[PDB]
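There is one chain below, alone, in structure tokens, taken in the form deposited in one PDB entry.
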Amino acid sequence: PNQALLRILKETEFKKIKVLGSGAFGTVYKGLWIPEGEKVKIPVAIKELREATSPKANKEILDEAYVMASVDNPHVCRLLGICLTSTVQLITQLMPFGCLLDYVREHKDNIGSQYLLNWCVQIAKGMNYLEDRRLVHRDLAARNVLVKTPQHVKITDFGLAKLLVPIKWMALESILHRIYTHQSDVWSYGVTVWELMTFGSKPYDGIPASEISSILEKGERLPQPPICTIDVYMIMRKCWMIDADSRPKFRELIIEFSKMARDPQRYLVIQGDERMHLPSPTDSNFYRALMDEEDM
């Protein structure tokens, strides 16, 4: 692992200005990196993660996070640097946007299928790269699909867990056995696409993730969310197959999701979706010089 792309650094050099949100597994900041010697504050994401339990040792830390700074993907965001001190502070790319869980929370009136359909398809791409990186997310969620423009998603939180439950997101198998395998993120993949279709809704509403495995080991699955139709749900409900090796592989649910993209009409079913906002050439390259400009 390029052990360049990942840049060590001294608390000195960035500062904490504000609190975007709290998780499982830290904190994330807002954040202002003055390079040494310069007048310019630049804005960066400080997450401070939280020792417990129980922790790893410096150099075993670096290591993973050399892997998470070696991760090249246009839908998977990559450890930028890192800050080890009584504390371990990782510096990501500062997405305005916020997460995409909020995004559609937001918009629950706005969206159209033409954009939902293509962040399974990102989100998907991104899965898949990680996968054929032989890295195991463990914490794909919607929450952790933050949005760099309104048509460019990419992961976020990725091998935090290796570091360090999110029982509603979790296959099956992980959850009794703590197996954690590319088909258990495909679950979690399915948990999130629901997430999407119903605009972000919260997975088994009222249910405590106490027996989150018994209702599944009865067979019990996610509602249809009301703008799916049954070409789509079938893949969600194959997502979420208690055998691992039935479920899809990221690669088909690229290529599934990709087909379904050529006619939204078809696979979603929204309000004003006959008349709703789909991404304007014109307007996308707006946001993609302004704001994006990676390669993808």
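The term rigid core refers to the maximal set of C-alpha atoms that superpose within 1.5 Å between the two forms. Residue numbers count along the first chain shown, from 1. What changes on going to the form deposited in another entry:
Core superposition between these two forms leaves every listed residue (261, 61, 244, 270) with a C-alpha shift below 2 angstroms except 61. A displacement of 2 angstroms or greater separates the C-alpha positions of residue 32 between these two forms, with the rigid core held in common. Residue displacement note: residue 135 has its CA displaced by under 2 Å between these two forms (rigid core superposed). Superposition on the rigid core between these two forms places the CA atom of residue 159 2 Å or more away from its counterpart.
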Given for the second form:
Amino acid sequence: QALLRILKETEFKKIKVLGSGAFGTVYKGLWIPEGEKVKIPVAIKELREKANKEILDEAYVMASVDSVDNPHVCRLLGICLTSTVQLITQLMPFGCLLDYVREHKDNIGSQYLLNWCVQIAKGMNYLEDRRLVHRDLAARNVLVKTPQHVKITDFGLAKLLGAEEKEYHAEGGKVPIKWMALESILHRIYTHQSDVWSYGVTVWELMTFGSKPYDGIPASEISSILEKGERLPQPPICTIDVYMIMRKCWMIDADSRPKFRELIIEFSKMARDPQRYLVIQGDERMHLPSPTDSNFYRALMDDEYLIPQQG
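Form deposited in another entry structure, per the form deposited in one PDB entry context:
Next up is only this chain, free of partner chains and other molecules.
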């Protein structure tokens, strides 16, 4: 039962732009629901300007998959009807994971990387259980609540499969070619197993501390590269077992790829002996802010999408 809570514009103060890009504009603000005095840090999203129709579809997906215990997927708090339709969620104060890994490379140890991989797989497994194909899993669409806790976001491309359906077949909208499974590029078919491909690319992004995949290669060439058996390279920090997970995610046969339930288990195993699996210089000397740190409050200070050319 998908409900959308309407929040009045006047319950929001101190709205400030956080960032803009392909996702539209995201603002941060303070939500003070009338009836209470509690002040809740929020993020507020509106699309680029159709915009109204599209963003309600995202609200619907998010409301559809919401649940009492939902750690690793962003929850919709409500929507706001102003000059635009805006979505409202809890602020993730450390920002986008892609920016985070680029900015904090020198303090990101093996334990953090492996834990993030586990968390993203747990979030995706949750979505799979609710018949949701995300279709845009990428490091740009993972957010950082704390350095120890990430969440999947951006349901702009996401689709719910009916009880009889195994796949979603797309029409001609712009799609993230460099993160897509070959079958999605060739045939516009999307499944939970094409999300696994995207998961593999996401892991690659993290393990390279936010390198751009297939940098300098036009998206029009990607299907040909994949058909020749070429893949993203082994990141220097990754031991062979970690890279082999990525390579399994990029198998041609979708049903031969790992399932998210398997990825949780495999990455959890690695997270139990992190320095065995990732080799990072100075790993033991690295630290990131954690809620259990006495000074954690100090940290809380005040063309990837292309028109398809096949299928």
